[PDB]
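The structure appears right after this line, and notes come after that.
Left out: one protein chain. Kept in place: all the others.
Naming follows writing order (A and B), and every chain is counted from residue 1.
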Amino acid sequence: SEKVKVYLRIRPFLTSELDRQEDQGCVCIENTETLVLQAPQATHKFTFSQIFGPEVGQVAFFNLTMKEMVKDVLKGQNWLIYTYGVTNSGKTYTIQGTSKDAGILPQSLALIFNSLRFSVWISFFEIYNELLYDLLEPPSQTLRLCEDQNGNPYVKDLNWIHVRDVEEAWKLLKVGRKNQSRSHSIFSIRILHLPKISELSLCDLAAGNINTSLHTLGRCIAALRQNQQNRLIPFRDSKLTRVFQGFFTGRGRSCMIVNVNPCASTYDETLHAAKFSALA
Amino acid sequence: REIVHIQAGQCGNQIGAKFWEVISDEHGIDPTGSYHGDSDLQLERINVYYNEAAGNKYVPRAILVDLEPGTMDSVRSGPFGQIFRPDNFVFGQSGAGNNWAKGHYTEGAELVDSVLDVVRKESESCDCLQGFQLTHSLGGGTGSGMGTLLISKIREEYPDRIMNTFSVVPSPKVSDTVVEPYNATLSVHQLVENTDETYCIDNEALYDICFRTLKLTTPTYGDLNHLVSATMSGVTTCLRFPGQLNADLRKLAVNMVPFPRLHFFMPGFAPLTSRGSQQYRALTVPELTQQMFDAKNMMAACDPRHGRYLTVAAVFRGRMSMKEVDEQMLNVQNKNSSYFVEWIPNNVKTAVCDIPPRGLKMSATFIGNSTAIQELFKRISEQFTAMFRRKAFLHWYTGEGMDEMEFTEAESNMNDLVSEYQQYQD
Partner (left out) sequence: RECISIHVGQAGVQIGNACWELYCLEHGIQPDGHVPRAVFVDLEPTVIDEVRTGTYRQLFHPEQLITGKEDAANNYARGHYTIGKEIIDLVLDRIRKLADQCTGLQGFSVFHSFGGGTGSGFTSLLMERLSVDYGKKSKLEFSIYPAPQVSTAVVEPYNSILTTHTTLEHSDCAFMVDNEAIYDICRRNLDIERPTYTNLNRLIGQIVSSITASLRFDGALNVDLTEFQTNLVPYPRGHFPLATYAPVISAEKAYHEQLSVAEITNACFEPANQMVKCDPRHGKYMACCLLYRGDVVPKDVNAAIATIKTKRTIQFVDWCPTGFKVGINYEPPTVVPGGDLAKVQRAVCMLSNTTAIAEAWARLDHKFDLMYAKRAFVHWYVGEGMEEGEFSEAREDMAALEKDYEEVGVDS
């Protein structure tokens, strides 16, 4: 079945970080898919789909997702990309990117509109303490949840706006990104093809809801992998995964990027991040 | 370590009225009287369910929420009825119809605001707040509807405090209402996603216990309630007393809830012998185990023998040796290994208090978390789906503001709950 594609990204040492200690390269590289952990001790193996070196900037990393984002509209199903890693490891860099070096998010809308009767709606919200907030429009708390008669959950009262221009799409999401500048960030765009419907969700990961969601995710991937490899799903336990259920339980490509620091001091953190994504 | 009782609905009120009759005697507190307690041990932790205002009038911390004046007006016009402060009375002269939607979306929704105010005044009282206990029935408007909506808000205002709930599930054999299963299915949905502790009480099992374990010929409501009231005291109040091995909501839940789902428990009494005749006084220790661990004696309709055990909470209360207790408990888990779970070496969580319930010498509150509760929820799903298919009294729900998906949500949720328990049963 469609197993989440795991991509590992290592960011370059920060000015102060590198100056503190030249620990970069703590993780050893063997094959494009696997990473070996050797920290001055502990020895482990991290098996992923693919990995990019610490020298690789966002430019090289976004291109892989580019091919995956543009193809989703052709897929006709939902698509979600999750960015996991330690704070300051490059999550935000990978998602929105800097002004000079754009991330996976800006390029996606650029390519989507480039190919663009196609209709595209935009939604950008953040979840804090199990509560949803609309990042898109600044006036504003609970949000509500809608469920279809069949039992399919959908986000209700979410501000959805159509985008006529390419920059407009990025700018609209940027408004929400400005607000949040701790929590989970999720950007959802619905593509109508005339009807073939796709959903692109850019998720930036990060209270009882955080520790629970992380564990429930690990429980679901374990239960799922078991069902897929050999002859109960924890989705109900957590609302976060439940709302995304259509994408996960349904046929859809799940891309997950794990960004982390090559620092030796961050090794303890690194193992945890890579563990959430995949093992050996 | 304080808590605030909530008696939503007619049933919940009746139950509370009897519960407060008991608890008061278990603390030597008269209606307008003060601490007349025969001992001095029933004063060290009174605060938990009372409030110091005057100095002789220890007002119990409970809330009466119902849309039927008559009901609440019979609770306050009785015996211990004049112990509740007027501010605690949250009545709604609206339509007390036996409809979930009517007590959750229209009539119940308006009174919510008058409840939230009180629940906060009671929470920000003094000392430390432990949680909120709710008493109600899944066969009424204010009970299944209003009672479940109130808690939904509580668990959002205080996500730290635990929530103990005593629900009088619709008895299988005979339903006390026609829409009963409808109101039940809808309430259980929100309940299983809010409360952190739920004790299922069954009207048919209650009757039974009062007919086979108690030579009582005429088991009236007061009687039935009195039986339950003795359990909730062993649960709550008991843990608020000294002992060699004391426990508390937290200790209990942290050992009773294996999965975030909430899990439903079943109350059981130990010394359940008829007054005159039966008074053998045979309550050394194994006799309690014999009782509590038997099918008959379980306040729920389902029998433990129809499902594995997940958790066991034996809260003893009486001067006894931890050797005669722990030993017995173990022996049972070794003799009935068949239904006692495999992934858990010791499901039983031993608790031993010191002071017993005033007139009794030896007692023990039983709390079982078996997968046998499946033979109860399944019933509900069956009853519901059977009438839902034809949308029986759907007009009474939809007409009061409802959604067609509301039923699917509830049904699915509760049906999944049945499944979940089975996933661990085997």
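Quick note on the criterion: a contact is a pair of C-beta atoms (placed from the backbone, for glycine too) under 8 Å apart; a residue touches a chain by one contact, two chains touch by 3 or more.
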{"item": "Among B:42, B:185, B:233 or B:347, residue touching the chain not depicted", "value": "B:347"}
{"item": "Option from A:12, A:25 or A:218 whose C-beta touches the chain left out", "value": "A:218"}
{"item": "Residue among B:247, B:298, B:410 or B:417 touching the omitted chain", "value": "B:247"}
{"item": "Positions on chain B where the hidden chain makes contact", "value": "1, 44-45, 127-128, 130, 241-242, 244-260, 311, 320-324, 326-327, 330, 343-350"}
{"item": "Interface residues of chain A (partner: the chain not displayed)", "value": "208, 211-212, 214-215, 218-219, 272, 275"}
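Please note the rule applied: only the chains that are shown with their structure count from here on.
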{"item": "Whole-Å gap separating chain A and chain B, where each centre is the average of the chain's CA atoms", "value": "44"}
{"item": "Residues of chain B touching chain A in the complex", "value": "159, 259-261, 404-405, 408-409, 412-413, 416, 419-420, 423"}
{"item": "Parts of chain A lying in touch with chain B, wherever the complex brings them together", "value": "147-151, 208, 212, 232, 236-237"}
